[PDB]
Amino acid sequence: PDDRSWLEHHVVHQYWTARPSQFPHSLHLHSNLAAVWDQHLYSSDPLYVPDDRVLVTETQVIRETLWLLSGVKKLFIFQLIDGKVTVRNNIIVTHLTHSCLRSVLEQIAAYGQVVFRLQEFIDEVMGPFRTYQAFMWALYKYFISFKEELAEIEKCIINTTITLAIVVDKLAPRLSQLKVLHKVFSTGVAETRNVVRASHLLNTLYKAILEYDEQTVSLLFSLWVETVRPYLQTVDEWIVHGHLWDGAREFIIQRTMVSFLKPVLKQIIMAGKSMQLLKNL
Amino acid sequence: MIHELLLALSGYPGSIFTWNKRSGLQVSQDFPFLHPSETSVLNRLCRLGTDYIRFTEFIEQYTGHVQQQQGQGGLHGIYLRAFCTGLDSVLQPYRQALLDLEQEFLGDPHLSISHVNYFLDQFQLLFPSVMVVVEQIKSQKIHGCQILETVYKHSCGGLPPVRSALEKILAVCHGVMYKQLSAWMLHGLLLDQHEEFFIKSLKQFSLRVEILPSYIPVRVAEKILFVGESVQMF
Amino acid sequence: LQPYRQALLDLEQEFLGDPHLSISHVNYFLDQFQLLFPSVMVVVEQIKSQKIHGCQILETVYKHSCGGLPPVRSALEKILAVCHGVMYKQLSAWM
Amino acid sequence: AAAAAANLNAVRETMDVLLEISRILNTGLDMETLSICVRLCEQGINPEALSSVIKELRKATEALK
Amino acid sequence: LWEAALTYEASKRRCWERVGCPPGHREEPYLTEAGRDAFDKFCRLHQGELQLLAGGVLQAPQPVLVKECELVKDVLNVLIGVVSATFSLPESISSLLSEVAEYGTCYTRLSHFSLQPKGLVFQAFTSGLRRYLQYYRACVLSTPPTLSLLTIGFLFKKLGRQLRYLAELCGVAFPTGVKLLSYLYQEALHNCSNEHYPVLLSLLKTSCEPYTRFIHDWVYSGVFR
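Protein chains in written order, with the authors' numbering: chain J, 210 to 336, 357 to 388, 391 to 422, 427 to 448, 455 to 496, 547 to 572; chain K, 1 to 69, 76 to 206, 253 to 286; chain I, 97 to 191; chain b, 11 to 75; chain L, 282 to 370, 390 to 417, 425 to 479, 494 to 546.
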């Protein structure tokens, strides 16, 4: 009826709303494994009692997964119950029976957990002590370039044949580097003064770059460079401006501290204090 | 979606995105075309338009609103105008981005909502941050030179977009202070009435020490005070 | 293992269009990887069963990169050069 | 229609299989001239009789050259 | 005949639910596999539901008819300050409509003040006002002769607010002579470094051009002016 008809046609309306799914099907064993296995199960007499599933097709899984991987969630599939990922069990296609399926979506949910912990931290930036801000900036710069790939592949669904095993395999050298961040960030989740909490995180990066002393090392390198960036500024400020930096004791020098600047530290102190003794002269 | 999203984000909201004064922009929930997949992207998209409407209301509120004076001075004066004028100059790439979005919509309108979210993620961090600076400026009814200190303190952060954006507004507000300083040191005349510019020979030309900005030492204020008192004397 | 990934994409790309292909095509087509995988299986199970994590892992690689069948003869040759490449940072920080 | 195009898709497949068999036997016929000969083969034809004419006109495309 | 048809190209979209020759139909297009048409359909349905739940008194603002370019030209004409049909002299269109109507109401109160041919400083003040009116006339219809509706609201954000300040500048008695000369003087010092500074400076520079000639008479010729 002129609005509802266009809605009905050019919007699916069958895996997110109360409506049984329809799609023209190509039967005959080579793509019919779910229905074949269903009939086999019933013939062996379980006795019957089916599984509550609404029959969703193949590509809808692909679109829903891409949105889960991009960084958003709370879709119709893959909801949270306390902030823990959970797979819907009403999914089954006219093939694969949903036994391999529950497992492949379990791996995708496991990566969604890794992105959920990060988004919880990043959202609580807005409701941050200039090193945490410079750390958030590194995470954010990763997230934009990372979100690009997931949007760009979703464009090719609107164009082209696409299946699951290509887009899973394609994201292996991206989900690999993400797990390294899941382990570096766990030490910054482990937690004192905020500068002690910052040193406990910051020393992990300085250790992790020498661990691979490639592509992981350039990532950890770029995460390192943007977080010692406040400190190089403030030590230069102590040298030329002749005063110790006050940031509610955000500064690592005692006048709790990493091994980065330790082998040259006496040359920092012996320059800053001597400049301060020139300010009084 | 096509005209509506740009219309809502630009600050001319409708009935899909009902503007509230207590939640900003908000979609009217479940429809038989709106479903939980696109919903989260929509909710994240609403924040930009919320902050934008607040910004433009504030800019209109404190720019061009008097004709040389009710009689309050915390709700009037040159520094409020200068802040709103600087914020209007900073907001230009958001408007430009929405223009380019419409051009791509015309070329093909089958662009998903997450695509627009992907382009506008660089304003997605910048808009919630600056909102508390401008909100504190309104709520605390700030008077005199303390506006400069308030924005200078938040330009010490570790997020480059936010820091650069607030620093430009502080430069705009420096413009007015330099303009009154061109008068008091050179003759002694004031230009800014009822709002402080950290300076008033002797008394009726003395230094007001307390209001002085935090990036300026007291020593240079003594030097300025000498120049003004002496040029007034001879 | 990347040519074991590509050789799985090719099959699915065939099956999307072709209606009459069956199990026999996959069993047939992946017969060359029933020579690579069982013959590198003994190398990996040798390194796990008696645990090797020294530099004498490389001698045990050079015993099976001699091969005798071409897949297990040419596969380990890729790996050994990368192992020496990490030792060429060790032996340059030495020298 | 649509079911008249799925059949024609299944005919496009078959024509490409006959195209492979045409190219490994290295017939001078390209994709266009072969599409005349398939229409002839649909109506019934003796390809010994077509082959005797094609073996002469292919030698008489180079006789007046 | 089969071969006359055959010389096409098959679709690249295919599924493992569709192995027996999909000619391309889809898995039923998603919401954003349609746009700028389906847009108007759900906006029309939402508006109809609103009109039902109210009683038809909620007043649909352009439910369909008219389209974009005609509405753009109507939006443009209000900035010329002359008569329109739904502005002062989808359903998000009312919110844009009110802002463009309020742009036109402050445009009109300047041409109304500049049709005059009070003193000599009054005519100089008005002749300075037209120097901004010309920039505004150059801004509209040259940049958007038919171009997109939202570009109007963005283009006259920096300029419509300034024009609305100029509406408060004009009286619509208003001062004249030395009274006006001190009025505009206080306008200089109150807004001395802003976006409103050079326009007010150009106003003050020429609104004293009669006054200096008045001062130049009784001293230099002994005859009062």
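Everything labelled a hint here was simulated from the structure, so no lab data went into it. Be a bit skeptical, because a hint or two may be false.
[What the hints assert, rightly or not] Simulated pairs of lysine-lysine, BS3-like, Cα-Cα distance not exceeding 27 Å:
id, chain 1, residue 1, chain 2, residue 2
1, J, 414, I, 159
2, J, 410, I, 159
3, J, 384, J, 442
4, K, 21, L, 293
5, K, 159, K, 206
[What the hints assert, rightly or not] Here chain K is said to cover these stretches of chain J; the calculated rule only asks that three of the stretch's residues, wherever they fall, bring their Cβ under 8 Å from a Cβ of chain K:
id, stretch
6, 217–228
7, 242–252
8, 321–328
9, 393–399
10, 409–415
A virtual CB, placed ideally from N, CA and C, is assigned to each residue, including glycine.
8 Å C-beta test of the stretch 393–399 of chain J against chain K, three or more residues: violated (count 0)
Under the criterion that the straight-line Cα-Cα distance not exceed 27 Å, is the pair residue 21 of chain K, residue 293 of chain L satisfied? violated (50 Å)
Holds or violated: the stretch 242–252 of chain J covered by chain K, criterion of 3 or more residues with Cβ-Cβ distance under 8 Å? violated (count 0)
Closer than 8 Å, Cβ to Cβ, for at least three residues: run that test on the stretch 217–228 of chain J against chain K and report holds or violated. holds (count 4)
For the stretch 321–328 of chain J, do three or more residues have a beta carbon lying closer than 8 Å to a beta carbon of chain K? violated (count 0)
Mind checking the alpha carbons of residue 414 of chain J and residue 159 of chain I for me, to see if they're no more than 27 Å apart? violated (37 Å)
Examine the stretch 409–415 of chain J: at least three residues should have C-beta closer than 8 Å to a C-beta of chain K. Violated - the stretch 409–415 of chain J has 0 residues with a Cβ nearer than 8 Å to chain K, which falls short of three.
For a C-alpha distance cap of 27 Å, please report whether residue 410 of chain J and residue 159 of chain I respect it. violated (35 Å)
Does residue 206 of chain K sit within 27 Å of residue 159 of chain K, going by the straight-line distance between their CA atoms? holds (25 Å)
Would you mind confirming whether the straight-line C-alpha gap from residue 384 of chain J to residue 442 of chain J stays at or under 27 Å? Not OK: residue 384 of chain J and residue 442 of chain J at ~40 Å, beyond 27 Å, violated.
The structure shown violates the earlier hints numbered 1, 2, 3, 4, 7, 8, 9, 10.
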